[PDB]
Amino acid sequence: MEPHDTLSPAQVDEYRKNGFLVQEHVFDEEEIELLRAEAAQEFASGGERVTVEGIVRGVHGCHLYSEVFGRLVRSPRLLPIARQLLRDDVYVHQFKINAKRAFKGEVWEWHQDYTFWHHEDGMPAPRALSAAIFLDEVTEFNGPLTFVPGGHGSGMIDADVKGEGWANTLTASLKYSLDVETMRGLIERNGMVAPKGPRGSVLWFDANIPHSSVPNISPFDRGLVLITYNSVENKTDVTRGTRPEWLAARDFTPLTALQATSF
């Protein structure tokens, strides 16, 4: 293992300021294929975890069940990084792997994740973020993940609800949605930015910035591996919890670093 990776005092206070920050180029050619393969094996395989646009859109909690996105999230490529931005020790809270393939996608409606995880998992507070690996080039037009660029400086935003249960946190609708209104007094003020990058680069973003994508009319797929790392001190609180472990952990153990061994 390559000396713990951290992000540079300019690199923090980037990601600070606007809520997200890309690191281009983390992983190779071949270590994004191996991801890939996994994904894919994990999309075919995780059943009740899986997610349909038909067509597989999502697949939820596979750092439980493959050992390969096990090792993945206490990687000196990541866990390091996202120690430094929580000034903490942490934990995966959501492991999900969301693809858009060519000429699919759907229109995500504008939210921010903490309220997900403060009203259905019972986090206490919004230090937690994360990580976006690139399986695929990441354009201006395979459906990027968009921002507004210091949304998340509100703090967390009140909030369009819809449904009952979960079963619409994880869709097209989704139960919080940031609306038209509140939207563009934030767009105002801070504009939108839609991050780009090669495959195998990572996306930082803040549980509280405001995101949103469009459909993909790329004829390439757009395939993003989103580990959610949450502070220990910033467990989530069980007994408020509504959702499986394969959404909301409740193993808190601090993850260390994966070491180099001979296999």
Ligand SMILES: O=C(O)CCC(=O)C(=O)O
Second form
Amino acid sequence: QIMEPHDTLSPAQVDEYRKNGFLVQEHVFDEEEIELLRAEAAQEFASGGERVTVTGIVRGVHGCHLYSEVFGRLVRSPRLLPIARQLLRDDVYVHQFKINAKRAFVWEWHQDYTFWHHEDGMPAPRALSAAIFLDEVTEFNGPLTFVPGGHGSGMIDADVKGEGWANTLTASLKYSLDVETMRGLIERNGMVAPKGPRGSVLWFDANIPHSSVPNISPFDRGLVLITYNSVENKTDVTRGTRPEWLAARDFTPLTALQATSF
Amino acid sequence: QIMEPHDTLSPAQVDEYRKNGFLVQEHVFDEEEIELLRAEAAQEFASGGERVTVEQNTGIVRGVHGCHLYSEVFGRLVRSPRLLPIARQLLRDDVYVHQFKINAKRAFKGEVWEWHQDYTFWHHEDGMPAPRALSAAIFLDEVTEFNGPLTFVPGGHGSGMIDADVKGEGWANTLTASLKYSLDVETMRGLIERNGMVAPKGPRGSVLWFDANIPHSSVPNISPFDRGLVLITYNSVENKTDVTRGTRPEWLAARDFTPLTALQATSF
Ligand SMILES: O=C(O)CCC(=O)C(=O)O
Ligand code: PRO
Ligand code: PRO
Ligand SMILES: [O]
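Could I have the structure of this protein in the form solved in complex with this ligand, to go alongside the form deposited without this ligand above?
Up next: the whole complex, starting with the chain shown before.
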């Protein structure tokens, strides 16, 4: 049995990711694969307990690669792992895994690294996220939106609206970026909401500012977001404040799935 | 503590490797790193017992095999961030060590390596099912025209297995001056008349990457200079050898196919 030999990004793709802070690869996973991932997402939303977040409809579920065999395999996929290694220039592990159901009918502006630095003791922004598109992403179903090049600043200041971690994944975020700071970033660099078909992968930098608007449209915008971190960049578990299913503590380097008879 | 971020080959470098079947990177390891490896090699030649091979005319050391299984230093080298990411890159897979050897090719007494493709050996002796493997040869000494450099047929890997005459049952003569698989003389001449021969040179600490199927040879060293090479053969995990058709011990042909991970920088 055989897996396709590992594909990595071209030098122009790597340049684009480094310059913009994001990159889309279209049609990484096929329809049948996506539908497997959608079924498992639905299982996780149904049975995830305290790892589910909520009007009261599912907003997200966290940590599923620790609890689902299917998602545990996904993060080792040869479509994903080799690019994560290549971009981070290290062995890698999963810092965070989440499925953000942007149901058919806000995430405020933020840099992920800001969260992971302060909540989890991530020492440098040497991490990224791969967002797998379970639905077509269009202009109308609340696409992730970025300030391109906005990661080159580094961490940007934000008020800490909370003395807990409950508000880290609510509509009102613990470390939101203010209107004055964003207006500046946006006037300088612009805003971009990358689009793509079901099965695409959107890669984005831990430090890139991003947001998404409410989805009142008729279509869902399900994303599976896998955050890969450099093993060298492992979080300081002594500054960590969160459960495992938000901030991993097993730093074992990931290895790629091989083709087996089962 | 910080390891330098993993460096991979450029697209030009990869293209050169695929087209020629070999590639030199100069100055990968520094003198002090090489000296550590030289000292460990000397330990392995002194204590490897049955894993050590000697030259026939004289009894001086020819080779030692499997050291990554027995030396911690050599166990870490194979995981080095200077080596592992390139092997992963070139084999487009996770990888493991099929074979590890140190070929000492001393100053005046070092003997021939006749023309051979490594893959021919690994396929028939060890059950490697495709040539999706490569060797990284670390230069413990400057390799020059005169100290018996590995010599290749550039592009000679792109015909698969070439036809060889087999000498005997068993495997002792896989490591000798006269090899169990010797190449057909007219096919050799034809290969060479169309592709030429090249002996890559380079300073101490270089790495010479070469394809599992590239024809290669080396002459005796009559310089007053050693040519110690540490040869690490990485194989694709997908391409793991079929251990049911395997005829040799573990220190010639690995059985543990666990994918390798890179060394990190720790406080010890
Ligand atoms: O449409 C979505 O929100 C993606 C699919 C999903 O999250 C689910 O199957 O429950
Ligand atoms: O708390 C966290 O880590 C995730 C990622 C940024 C917003 N919510
Ligand atoms: O027997 C082997 O495996 C090595 C490679 C060719 C010569 N000796
Ligand atoms: O080799």
